[PDB]
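K.L.:
Letter by letter, the chains look like this.
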Amino acid sequence: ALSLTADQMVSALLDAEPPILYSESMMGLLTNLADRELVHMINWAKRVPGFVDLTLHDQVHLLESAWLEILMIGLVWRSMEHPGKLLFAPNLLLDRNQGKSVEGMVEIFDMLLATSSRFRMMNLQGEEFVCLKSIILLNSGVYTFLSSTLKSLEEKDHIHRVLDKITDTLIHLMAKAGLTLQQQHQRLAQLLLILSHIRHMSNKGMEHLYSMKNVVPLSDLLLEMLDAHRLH
Amino acid sequence: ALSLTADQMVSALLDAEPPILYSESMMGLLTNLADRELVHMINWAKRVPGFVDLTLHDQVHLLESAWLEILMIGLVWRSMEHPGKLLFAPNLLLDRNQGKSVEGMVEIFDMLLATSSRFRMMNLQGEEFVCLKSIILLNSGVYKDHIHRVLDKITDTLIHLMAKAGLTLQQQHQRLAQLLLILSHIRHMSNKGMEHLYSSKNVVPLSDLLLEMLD
Ligand SMILES: Cc1c(-c2ccc(O)cc2)n(Cc2ccc(OCCN3CCCCCC3)cc2)c2ccc(O)cc12
Ligand SMILES: Cc1c(-c2ccc(O)cc2)n(Cc2ccc(OCCN3CCCCCC3)cc2)c2ccc(O)cc12
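Top line first, the protein sequences correspond to chains A and B.
All the letters of the first sequence, read from the start, carry residue numbers 307 to 330, 341 to 529, 532 to 550 under the UniProt record's numbering.
All the letters of the second sequence, read from the start, carry residue numbers 307 to 330, 341 to 459, 472 to 527, 530 to 545 under the UniProt record's numbering.
Some hints here could point you the wrong way.
Listed next, the in silico DSS-like pairs over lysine-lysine satisfying Cα-Cα at most 25 Å (straight line) [stated by the list, open to error]:
| # | chain 1 | residue 1 | chain 2 | residue 2 |
| --- | --- | --- | --- | --- |
| 1 | A | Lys520 | B | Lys531 |
| 2 | A | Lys472 | B | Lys401 |
| 3 | A | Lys520 | B | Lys520 |
| 4 | A | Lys467 | B | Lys401 |
| 5 | A | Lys416 | B | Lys401 |
| 6 | A | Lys401 | B | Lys472 |
| 7 | B | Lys520 | B | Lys416 |
| 8 | A | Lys472 | B | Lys472 |
| 9 | B | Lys520 | A | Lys529 |
It is worth saying that the hints were derived from the structure and are not from the lab.
Produce the complete structure using the sequences and hints provided.
P.N.:
Encoded structure:
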C-alpha cells in the first residue's frame, strides 16, 4: 500500500469502483437504493489500499463516520452532467421540485446541486474523483477515534501515510495533465476545500434523515459486512 | 490587493490577529465571552486582504457561516499547551469533566481536544494558523471569483511558508493537504456545535448584528 506508485494507486482505485445501482414513494425508493449501495460501499472500502490493514473496529468507525459523505460525493459525481438534476440512479433522475415533495429535502437538494455545479465548473476528472472519495473514507473519522492506545496511534499513523500517498497521487495526476506547479497546489487546495462543504452537507443530511427516522445500530451492520470469514 | 507578496500577506495576517479576551454559570460565561469575541472577529476579518472588496452582503454571509469555526480554531490554537484542557480564556480553563456538566457538550469538547492534539502533533506554526483561519473565513460560505482568487493566494502563501522551512516539494503538498483536511473536521465540529447551541435560535437575523458591527 505504501509502496504503490501513483499510477498504481490510480489503477487500484479505478478498479475498486462500485457499480452504479438502479432504483427498483420517492423516499422509499431512495432509502432502498442507499441500503443496497452500502454493501457495495464496503467492498470498495476493502479495496482502498491500506484500509484492510486497519483493525475491524477502526474500519467500522471510519465507515460509520463517512458513509453519507461517500454517498453524496458519488451522487454529485453522477449528477455532474445533469444540470439542475440529481442522478440518484440512471432511472431515478430527480429535480428540485421533486425534492419539495419531501419535507426538509430541497435544502439538501440545493446543496448537492451546487456541489455538482462546482465539480462541473472545475471539470473534475474521474481519476481525481476516486482519490477524493478515498480521502473521505480515511479522513472523516480519523479525529474521532476515542482511544489513545499504542495500537490506535499506530493506526492513525498508517492512515495519514496512506492519505499522504493519495495526495501524491492527486498532484501526479495534475502534473501529468500539464498543470504548472502553482496550478497543481491551487487545484489540490480547491478540491480539498470542497470536502469541507461535503462534510457540511453530510451533517445537514444526517439531521434530515433523523427527522424522518425501527433500526439495527449501524455499527453492527457495518461489522457484519466487514467482518467476513475467509471461507470464500 | 492580490498584489501582496507572500511575506506581506503573512505580515498583514499576523498583525490583524485579535486579542485574547477574559471572562469576569458556565454556559452564561461562555456565551458572554463568545459574544465579545465576535466584535473583534469582525475587525480581524476587515483586515484580511481581499475581504473588504466584497459586497457587505457577501462579507456578512461569510461571517454568518464561519464565526463558530473561527472561534473553534482559535480555541484549539491557544489550547495546544494545555493537554486535556480548553483555554476558553486565561481565567476560564476547563477540562472535559467541566464540560460534562453541560448536557451535550462533552462530545464537542473531546473533538476540540483531538484537534488540539492534532495541531500539536503537526507542530502547527503561527503563520500557518493565520492562513488557515483566513481560509475558513473565505471558504465557509462560498457554496465567487475574487474569493477564489484570494483563496488561491493564501494557498500560494502556505506553500511559500513551507518552502521556507525547508520542506521538499513532496512534503509541501503533503502538509498543505494535511492542514486543509483538518478544516473538514473543524467544519464538522461547528455543525455539531451549532446543533448543540440550538438544542433555540432568534427570530432577528445575525446578519443584522454583523452589519452593524462593521460600522
Ligand atoms: C445523498 C443521498 C440521499 C439523501 C440523503 C439525505 C437527505 O437528507 C436527502 C437525500 N439519498 C437518499 C437516502 C440516503 C440515506 C438514507 O439512509 C437511511 C439510513 N440507512 C440506510 C442507508 C444506509 C446506511 C444507514 C442506514 C436514506 C435515504 C441517497 C440515496 C442514494 C445515493 O447514492 C445517495 C443519496
Ligand atoms: C468552541 C467554543 C464554544 C463551544 C460551543 C459549543 C460547544 O458544544 C462547545 C464549545 N464556546 C462556547 C459558546 C460558543 C458560542 C456561543 O454562541 C451563542 C451566542 N452567539 C451569539 C450569536 C453568534 C455569535 C456568538 C454568540 C455560546 C457559547 C466558546 C466560547 C468562546 C470561544 O472563544 C470558543 C468557544
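K.L.:
Work down the list of hints and note, for each, if the structure agrees.
P.N.:
Hint-by-hint comparison with the structure:
no.	hint	result
1	A:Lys520 - B:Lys531	holds, 16 Å
2	A:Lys472 - B:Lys401	holds, 22 Å
3	A:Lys520 - B:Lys520	holds, 10 Å
4	A:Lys467 - B:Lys401	holds, 24 Å
5	A:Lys416 - B:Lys401	violated, 45 Å
6	A:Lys401 - B:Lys472	holds, 22 Å
7	B:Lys520 - B:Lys416	holds, 16 Å
8	A:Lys472 - B:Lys472	violated, 36 Å
9	B:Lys520 - A:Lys529	holds, 19 Å
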